[PDB]
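Single chain ahead, written as C-alpha cells, the form deposited in one PDB entry.
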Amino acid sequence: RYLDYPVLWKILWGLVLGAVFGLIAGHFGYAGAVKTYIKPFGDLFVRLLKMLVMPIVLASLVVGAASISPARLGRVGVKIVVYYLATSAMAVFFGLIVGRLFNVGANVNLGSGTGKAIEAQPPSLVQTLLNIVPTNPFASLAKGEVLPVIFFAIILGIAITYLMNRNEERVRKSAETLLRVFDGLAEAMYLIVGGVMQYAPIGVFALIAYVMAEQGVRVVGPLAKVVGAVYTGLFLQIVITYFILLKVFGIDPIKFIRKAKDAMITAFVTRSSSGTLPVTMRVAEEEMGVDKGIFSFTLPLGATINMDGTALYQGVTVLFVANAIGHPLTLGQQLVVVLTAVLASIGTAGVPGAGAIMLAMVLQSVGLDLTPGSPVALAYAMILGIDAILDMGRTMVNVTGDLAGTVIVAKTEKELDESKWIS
C-alpha cells in the first residue's frame, strides 16, 4: 500500500529520517541495536544492486559496442579519459585548497622526527594494464572484474556488428540472435533496477542510520574539522568543476543534478560506486537520454578509474597528516601530491582495497611513511575513525563525476536526447 507514494520523495524522506534517527540512536548509545536490527535492510538493498552490476554491465556494453562504430568508440574513450584525468586533478586541487582553508589537523600537535624507513613498491602499472585483457572471460565474470568484462564486451559487440554485415544469411541470423539475447538480458536488468528502486528508500534510511549511529559521535574536534573540509571540497567540486564544465559544453547543471539525484543518493548511502552502477546507468538512459553506446562504456570505466571524491579526500587527509605531525607541505610537495594522486588512480585500476593503497602512495610521495607506531600512522588511524562519514560523500561525488563526464561526451558526440531537457 506504500508503493503508491512517489519514489523520490520516499528516498529523500528515508535519507533525512535515517540521518536524524542514527544521530539520535548514537547519542543514546543504541548503535549496536541499529547494527543488529536496522542494518540488515540496507545490506539487502546493497546486495540487490550488486546482484545486477555484472549482467547489466556485460549486456549493456555488448549492445552499446554493437550500436556504434569502433572509431567513434575510440574517440569517446579518448574524450572520457581526458575528462577523467582533468577532473581528478581538479578534485585534488580543490581538496588541498579546502584543507588549507580549514587548517585540518593543526591542533593535533604530534611530534615527528626526520626518520625514514623504506617501504614496498606500488602494484605495477604494466601488470594492471595487461590485467585489463582477461585470460578467461567467464572467470572475470565470476570474479566481478569490471575492466576485463568491459574489454571483452566491447570486442564481442564489435565482432557481432561486423558479422551482421556479411553476405551469408545464416551468419547474420546467428549474430542477430546473439545480440537479441544480450538485449533482452539488458532490458530485464534495467527493469529490475527500477523494481529495486521501490525498496530503495528503506535501504537508504537503514544505511544512513547505521553510519550516523556508528560514527556520529566521532565528528568532534579535529575529525569534525576534517569532515567539514571534505564535504565543503566535494560541494565545490560539484558546484565549480562540474557546473562550469557542464555550462561550457552547454548542459543545464540544475537539470543534471535533478536527474542524477537517484544515483547520487544511492552512491551516498551504499558508498560503492560499482554497486551504484545499475542505478547510475538507468539514470543515464531513462532520465538524461544518453545513448547506450556511450554510457554502457563510460559508466563502468568511470566507476573504476574516476573518483573525484576520493582524490579530494586524499588531498584533505594528506594536508591533515602533514599538519598533525607538524611538517606542513611545501608547494612543490602539493604538486607532487596532485600528480601522484592522478597517476595512482590510473595505476590502481581495478585492484581491491585501492583506497588504502592510493592513500599510502600519496603519503609516501611526499615522504610521509606509514611505519607502525609512528605519528604518521597515528594520524592516518585518526582519519580512518570517520572513514564511513567521509566515504558517503566521496562515493557520491565519484558517481556524479562519472555522470557529468558521460553527459558531456554524449553532448559532444550528438548522442544526447535533447527532448528530455525541455519543459
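By rigid core we mean the largest C-alpha set that fits within 1.5 Å across both forms. Numbering follows the first chain given and starts at 1. What changes on going to the form deposited in another entry:
- The one residue among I97, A175, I346, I155 whose Cα position changes by 2 Å or more between these two forms, with the core held fixed by superposition, is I346.
- Once both forms are overlaid on the rigid core, the distance between the two CA positions of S69 between these two forms is under 2 angstroms.
- Comparing the forms between these two forms, the C-alpha position of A388 differs by less than 2 angstroms, with the core used for superposition.
- After superposition on the rigid core, the Cα of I238 moves by less than 2 Å between these two forms.
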Second form
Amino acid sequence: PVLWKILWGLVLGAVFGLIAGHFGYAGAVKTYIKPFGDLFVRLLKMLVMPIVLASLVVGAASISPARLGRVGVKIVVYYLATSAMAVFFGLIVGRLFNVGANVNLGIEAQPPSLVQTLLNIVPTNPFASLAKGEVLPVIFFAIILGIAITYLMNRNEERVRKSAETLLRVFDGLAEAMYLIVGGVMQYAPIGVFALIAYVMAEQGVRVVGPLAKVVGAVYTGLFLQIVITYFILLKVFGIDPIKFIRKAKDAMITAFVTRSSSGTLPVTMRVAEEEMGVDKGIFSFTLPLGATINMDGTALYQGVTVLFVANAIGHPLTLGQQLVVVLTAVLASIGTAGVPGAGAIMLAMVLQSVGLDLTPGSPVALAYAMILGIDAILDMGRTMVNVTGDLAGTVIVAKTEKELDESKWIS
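The form deposited in another entry is what I want next, because the block you gave corresponds to the form deposited in one PDB entry; please supply it.
What follows is just the one chain, with no partners and no other molecules.
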C-alpha cells in the first residue's frame, strides 16, 4: 500500500546504484537520476523554517513556562547520556575492527568560544534569523512569543485577548498548512529516496572494499549498537516498546539516511512525532528542532572510528585515553553545529590539524584523510540517521515523563 513504500524506494535505489556504478554508468545516474532526489531535498528544506516557527509558537502557547523548562532540561540530560554512550561505542568498535592495518610513512590549541555560542543563541534581528535559516535563535524567539501570547490571552482586556488569539491562529493556520504539505511531499518521498541512494551507491559504494570496508563496517556497527542498546534500553526503562518505536520512526529514519541533514528531515520528523508517536506539539516543536542541532551521537561515533583509522594508518601509537580526549575535544568543538553534509570530514581535518599534523599534499596524513573523505558520504548517511533516531527516542521519552504522550497510538 503506501506504507513501507519508502523502504522499497531505498532498497531498490541502492541495488540499482551499486549495479550502475559497478558497470561504469554512475555518470548517467548523476545526470538523469540525481535531480529527482535533489528535488526531494529541496521540497523538504522549503518547509523547515515555517513549520519550526509556527509549531513552536503554538506549542509554547499550549504549555506553561514551567513545563517548557522541564522539557529543556530533560532533553539536554538525554543528549548528554546518549553522547557518552556514543563515545564509548566509537572507541570500542573502532578498536574491535582494528581500522587502519595498511602502511604509510607516519600542537594547536585554541580558546573556547562557547561563551559567544551561548550569547549567539539570542538573535539580534529575528527577521534576519528567519531569512538566514538559523534555527536556534528562531527557537528562542518563538518560545518567547508563545509565552507572551498566552500571558496576553489570559489578560482581562478583550482587545488584547482578541489580538493575541488572532496572532496565535495565524501561526496555527500556517503550521496546519505546513503539516498538510509535508504529507503531500511524503507521497513523493519514495522516488526521492530512490534517486538519492542510487547516486550515492553509484559514486561511492563501489569504493567500500578492503580497509575502508572495515571502517564502514566499524562505523555502522557502532550506530547499530547505539540504537539497539542505548535507544532501546532507554525506551524500555520508561515503558515504550522499542519495536513499535522503530516501526513508527521508519519514514524519518530513511529520510535522514538519504538527505544527510537533521534539519532538512525536520518536517518529516515532526509529522512522525505527531501522527505516529502521538507526541503533543508542546514537546516536539521544541525538543526536535533543538535535538537536530545539539545531538552529538553520530559525531562521537565518526570521530572515534576515523581518528583511530588515521592514527593506525600512519603507525602513530594511540592509547584509549588519548583517543578519548581527542574525541571529546572534537565533540566539544562540534556542539551547536546542525547536521550538514561533509561536516564531520571538515571537523576531522580540524582535529588532525589541532594535534599538530602535516596535511600538506603528499603527506601520509593527507593521504589517510583523503581516504576517509572518499567514503564520507556513506558515513554521513549513517551519522544523520542515528541522530534523528535518538531525537525521536528522546522526544517520546520526555513526552512520556510529562504525560504528554497519547497512549492509544502505542497498542496493537
